[PDB]
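In structure tokens, one chain follows: the form deposited without its partner chain.
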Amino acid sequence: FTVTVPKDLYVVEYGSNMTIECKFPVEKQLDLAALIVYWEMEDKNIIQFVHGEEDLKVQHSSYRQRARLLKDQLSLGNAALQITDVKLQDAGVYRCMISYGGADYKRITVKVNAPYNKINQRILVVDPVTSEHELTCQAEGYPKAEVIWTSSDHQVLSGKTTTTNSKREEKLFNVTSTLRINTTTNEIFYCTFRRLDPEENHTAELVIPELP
């Protein structure tokens, strides 16, 4: 009897649901009364599954209504722990321990980042005479990203970026950037939120509108 882990390392997106797994042998049908599944992180109980049910009294309040064991997956030999609304604080080392005709445990590392993939865009026609527009892209995330503005040519343009702590979610950074440029209807512009180490890019396409 050995518990095996598909993946040793998970990288998880802020605000999503996360599902991490420990697999264990199941040949016959699942005998619930002989099974124990236990999930833990930093010595806080997340899940204790015994006699076919979750033993909630033992669960750390920090996981109340955030965590569950996917029951269906058990018959297949998969202890799959799902945690909803992932926060930065959920990064760490998770330990599962399975007892079922034998006993074993594994450790799983979870990393959490907040990508700048939710990009709010807006475009102000400053002066139709000079065709001056002001394009703005904003997003929040962690760690800090820079904004690179490019033309449809992929030439790099000059912008003004402002970076502050998010007022919404505490540990995140709000990044808004503005490009001032003379241009025509249907021209295409890109605002790319870029973060290094490891490199990651999220880009919005902005099209110059036609107003009456």
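Numbering follows the first chain given and starts at 1. Compared with the form deposited with its partner chain bound:
Two rigid parts rotate between these two forms; their hinge, judged among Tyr190, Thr130, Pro25, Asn113, coincides with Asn113. The chain behaves as two rigid parts between these two forms; the smaller one is rotated by 34° relative to the larger (C-alpha superposition).
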The other form holds:
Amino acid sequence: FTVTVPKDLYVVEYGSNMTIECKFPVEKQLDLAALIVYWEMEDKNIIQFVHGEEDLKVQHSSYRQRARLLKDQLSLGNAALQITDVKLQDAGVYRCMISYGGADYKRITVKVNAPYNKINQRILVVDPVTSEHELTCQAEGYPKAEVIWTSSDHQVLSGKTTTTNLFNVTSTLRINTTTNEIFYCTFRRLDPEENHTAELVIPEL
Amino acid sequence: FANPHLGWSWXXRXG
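Right, and the form deposited with its partner chain bound of this protein, after the form deposited without its partner chain?
Every chain and every other molecule in the complex is listed next, the one we just looked at coming first.
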């Protein structure tokens, strides 16, 4: 009796859905009365499956309403763990243990990437007479990102960035400008360098 | 272990 994993490394994007496969030999008809399934992640209990019975109250709080064992896959020898809306705390080493006329287990490493690729922008006309505009870009991600404001000719402009807690980074640029002028807000993380940029076009008043 | 209503711990133990 051996449990096998087709992949022991998963790299997943924040907020996505993930199914970790965990295979074990089943001959034709699954004997539910002899099957135990245990999904664990670094002292956190995810799935405690006994002869078809699960009790959601023993599932760790951080996984509640997000982690489930696919019963359809179980019948075919695949103790597949599905995690929806993946978070940063889902990164780690998962252990899937199967008891089914013998017992075995395998480790699966999960990495979660949270890039700043969803930039929310807004442009406010705070004073039409003086043509003063307030440009704001906000994004969530990990790790910490700096925000660089540039003009259309790529000259760096001075804005105000506020970082609070996954990081929530917002930055605001107050500038006197006119319709159709173009500005860029760039969210930059390092080690290694990764950039995500939104283009902001000054609209009609 | 292996009561589905009780917490478990690695490996095949009480949690």
